[PDB]
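Take a look at this one chain, the form deposited without this ligand, written out in structure tokens.
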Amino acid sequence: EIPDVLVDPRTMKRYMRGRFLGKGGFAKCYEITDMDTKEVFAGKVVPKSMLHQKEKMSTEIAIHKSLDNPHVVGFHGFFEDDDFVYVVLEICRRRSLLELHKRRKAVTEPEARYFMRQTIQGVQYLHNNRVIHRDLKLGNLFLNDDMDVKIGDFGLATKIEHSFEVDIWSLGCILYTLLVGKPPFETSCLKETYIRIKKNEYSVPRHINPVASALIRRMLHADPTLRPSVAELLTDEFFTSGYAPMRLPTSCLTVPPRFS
């Protein structure tokens, strides 16, 4: 059983475990409140029943703690007792882009622009700091109350001192999924999915904006050298031409926006 009050030897702060937020593979996340300052965080609780695996999460914490960007999930500290390891993170109350995708399917072009711009700006920060995420997907593009994108889950991330263009590939899949309403490669069979990826077998429909489809084709290019860098992503025609809202209402979680 996870304690009601989570305490740290280091900061010696008291975090009251509150509202359940969800399970992530092996971790169980809760909305935690600092009993002193009353600031709300997301407490990631991972049991010592798991954790070879203890070295993997230690690398995740090492990479995550150094990061500080408005488009990346804020790391506020980590601690442990004899039973559980606790990670204190920025609170994202509006789930992720995966829950939005399931409810919305294909989103409008201005929405994809908003979501992609914010995500790429986050990936740009990562790449400038020599961090490769390696597991970019709708599921770890979290949303706060203001509909701001926060990149999280650095459990497969690496830091350099394949390369950066695997993240660009993943962003091509995300952009495809947002505009088309379904993943470009993913199928019920995992073996078939891998074959499609290897053969670079996918099809962007003809009706999709030529400007958007052209960008997707470059991001998902078989030759990783011909893929655009994170820097030239922002300056693409897809972002600079059409309508690009600076804000999105929370209604976008369920319905298309009216822009009022």
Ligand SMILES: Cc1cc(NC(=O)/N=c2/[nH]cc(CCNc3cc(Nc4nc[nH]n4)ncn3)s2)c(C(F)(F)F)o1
Contents of the next structure:
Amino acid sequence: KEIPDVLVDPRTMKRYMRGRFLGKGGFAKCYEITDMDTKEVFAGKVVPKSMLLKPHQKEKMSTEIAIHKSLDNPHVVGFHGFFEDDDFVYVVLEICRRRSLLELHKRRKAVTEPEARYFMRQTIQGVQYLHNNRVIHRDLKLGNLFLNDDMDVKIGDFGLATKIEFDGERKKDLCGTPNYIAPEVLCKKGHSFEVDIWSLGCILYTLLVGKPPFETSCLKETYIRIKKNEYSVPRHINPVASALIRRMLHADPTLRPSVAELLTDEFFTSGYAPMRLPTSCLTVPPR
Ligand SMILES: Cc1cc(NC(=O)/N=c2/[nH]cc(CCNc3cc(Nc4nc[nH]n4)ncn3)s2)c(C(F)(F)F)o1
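Can you give me the structure for the form solved in complex with this ligand, which would complement the form deposited without this ligand we have just seen?
Once more the chain from above appears, this time first in line as the rest of the complex follows.
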């Protein structure tokens, strides 16, 4: 099963040139694809049909596509259409040439406070859009906060995302394991929007501290920490930032801030918050 050099779609009839390998993940292998007619560049995911054999698996993908397709926001990875042949399912996405915030984190460790403000602010703006459109991401993590050439955060990977249709709805079934799971999801207690705030709490912690708040070698232990709400923000951290984190990681989902409330927090309003970040931030702190 060799992947074709040119990717044509039966519907829209646009010919995509497959270029440089961008990376892989699970069953999918991503490539830089160029539209041969306009020269517009996209990220094309090529997933073999032998990976989507179960109708159960094809259900998770078709739910994901529907949620992602409907999104249009400068802080969410674009979904520019999907198609297939007799071997592969092709997904055309917005290009993010600067890897994810995870790669930044592993190279940088604890980032400077102004950078956290920048990254979180853009991430929250994206999450607000999702929430306003009744979408819960459910799997927010550093590896899903993509960066483009302009160091702009783009939220992606909606494989665990769900839509709510009525007020006060509480989701119970989750098909898959998130990275920073909220306590209510572990205890099958029923969950809504506030699980995304929890994840963001972990994200901010991780950026500022340099290590995840519930990081352990053992997985079983990690879940205990989450359930018991066992974590400590080092005393070194700004009181204002540590205050925000503690609220964002409240055991009670209803005592966590809402998305709208995050932007107006003292953490974003008091200290220095840059509007742009250089690509140097991938490797070294900004001078
Ligand atoms: C198997 C699968 C996954 C999936 N979803 C999905 O890819 N979602 C995304 N959200 C954001 C993404 C950012 C892609 N953009 C990039 C990626 C990149 N490199 C890279 N990405 C993974 N590996 N290497 N380099 C540059 N830009 S991909 C679906 C669908 F759409 F069918 F439901 O199926």
